[PDB]
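Visitor: Residue-level listing of the chains:
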Amino acid sequence: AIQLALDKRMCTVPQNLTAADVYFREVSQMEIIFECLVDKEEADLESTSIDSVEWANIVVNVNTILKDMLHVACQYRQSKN
Amino acid sequence: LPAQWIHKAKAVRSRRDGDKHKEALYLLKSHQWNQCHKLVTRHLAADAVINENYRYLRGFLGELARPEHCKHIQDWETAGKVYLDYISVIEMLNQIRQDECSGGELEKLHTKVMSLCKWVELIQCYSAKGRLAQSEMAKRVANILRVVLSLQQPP
Amino acid sequence: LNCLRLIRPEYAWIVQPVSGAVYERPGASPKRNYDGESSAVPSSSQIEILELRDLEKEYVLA
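Chains I, O and M are the protein sequences, given in the same order. By the entry's author numbering, the letter at position 13 of the first sequence is numbered 665, and the numbering carries on one by one without gaps. By the entry's author numbering, the letter at position 77 of the second sequence is numbered 796, and the numbering carries on one by one without gaps. By the entry's author numbering, the letter at position 52 of the third sequence is numbered 1179, and the numbering carries on one by one without gaps.
Among the hints, erroneous ones may be present.
Stated by the list, open to error - Computed, partial: chain M to chain I, Cβ under 10 Å: (1) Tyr1150; (2) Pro1153; (3) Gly1154; (4) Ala1155; (5) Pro1157; (6) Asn1160.
For the record, the hints were derived by calculation from the structure and aren't laboratory data. Beta carbons are placed, not taken as given, at the ideal position from N, Cα and C, and that holds for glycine.
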């Protein structure tokens, strides 16, 4: 998702920096990663067939991650209001 | 003393006690073909065809196939070299599998399978166990026939 | 039992099925059981055929 968002963002990466480093530097546009994840999600789930545990595991992972960012943003906002 | 006598000892002792590794060899040497039938066919044929351990079995069928034996044997052709040719067919198919292009061997296999498809069912079913043997034999020969017909198709 | 004692004697036997290969809630992990734990398995490399008398004894048990 990081590299896909980098492609969609067409921002250069210095060799001293890395892809994740550049993405994490300009925090203004990190939102691209969620829909990149989602696109990869349907791409994989089209292929996923029956008798697949990753079929649910991937969704579990993404659910936890997104809930966690919403969680941390909410708590920081509430604490620092 | 010739081991002839010793292996007669082992032959009767196994006739009484049941050690296949010895009855097979020694009865074959002693020209006991009907008994070798009612042992190998009854037990080992089914065992090996079910369990895919055909090495020892092919050894015994080869030693059975001896024409010096065969001239005194009756109906070795009827079942024995029958199973033996099935072994030849599957093994040279595996040869074909390790190969990529051999038409002058695919045609041999095709002639062999056409010949065997009409000789599979004449025997077997001495019992329900014979029925099982015949069923597996016919199913495998049909599978091999469809395989060879599919592989002998133009690209 | 009924299905088979219907039949003529040629089909009078059935192979014993192979052990395992069951789970619940389709699309799940390959192994699921309610009565678990084991220390050995019946021979599945060598299969067996099940006949009227065998089936009669199993029914008698049941």
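Visitor: Each hint needs a verdict: does it hold in this structure or not?
Guide: Hint check results:
For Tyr1150(M), the interface hint holds, the least distance from its beta-carbon to any beta-carbon of chain I being 9 Å, beneath 10 Å. The closest approach between the C-beta of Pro1153(M) and any C-beta of chain I is roughly 7 Å, which is under the 10 Å cut-off, so the hint is satisfied. Checking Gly1154(M) against chain I: minimum C-beta separation of about 5 Å stays under 10 Å; hint holds. Hint status for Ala1155(M) relative to chain I: holds, with the closest Cβ pair at about 7 Å, below 10 Å.
A hinted interface residue such as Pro1157(M) counts as satisfied when its beta carbon comes closer than 10 Å to some beta carbon of chain I; here the least separation is about 7 Å, so the hint holds. Hint status for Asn1160(M) relative to chain I: violated, with the closest Cβ pair at about 17 Å, above 10 Å.
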